[PDB]
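Sharing a structure with you now.
Here we show just some of the chains, and they stay where they sit in the whole.
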């Protein structure tokens, strides 16, 4: 259920393939941020999630460099997939920019996002 | 550089190879939590960091499933490499557990960790 195209409320587009092994592979297109076009993403997910009614833990990273720009920054999303008619991926993310040590205290933004199929 | 074997204050072991395309690949061994032995990790880093003195942004993900057990959870570390005194990776992390919907509100732990090579 994770492989495919997912959207967040901010207008970004996450295209993923979930390998049989636990790999997450794909591209991210950010609607906001110092970004343009697609960026490589790589991640991991629980390929044998709980057999009750729990989501599927996952995580992925995008470093914000591609052929057109480099934002000298990296976002990790940590969350879980919840399947069904309104499948979704509920995440929290951390966006760290490379900084001088004097500015390291403000290197990291924190946010959250729910991704959907529509 | 970032390729190498790194350790945090807890004694976990992070073994990573940074590839030229921006890929991070390796294994992670947790000194605490619902884990044993090594776990696959994958992530991304800025392959062309600023020369201005800033760190190098990166992130990586561990899904806490391997051959011996499955914690149904995933941690992402978001941070920057500092090829500084000791070189170090300063991170913040998010550990998300697959939960039921009623428990999603407590799905995610947050913490921070500095890794060094000794």
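We call the chains A and B, going by the order they appear; numbering starts again at 1 in every chain.
In this section, a residue touches a chain if its C-beta (ideal position, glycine included) is under 8 Å from a C-beta of that chain, and two chains touch if they have at least 3 such contacts.
S.K.: Which copy number describes the whole complex, given 2 displayed chains of the same sequence?
M.R.: Number of sequence copies in the full complex, not just those placed: 4.
Following the convention adopted for this analysis, only the chains that are shown with their structure count from here on.
S.K.: For a test of understanding, state which residues of chain B touch chain A in their complex under the given definition.
M.R.: So the residues of chain B in touch with chain A come to 21-24, 40-50, 52-65, 70, 72-80, 82, 84, 90-92, 94-101, 104, 107-108.
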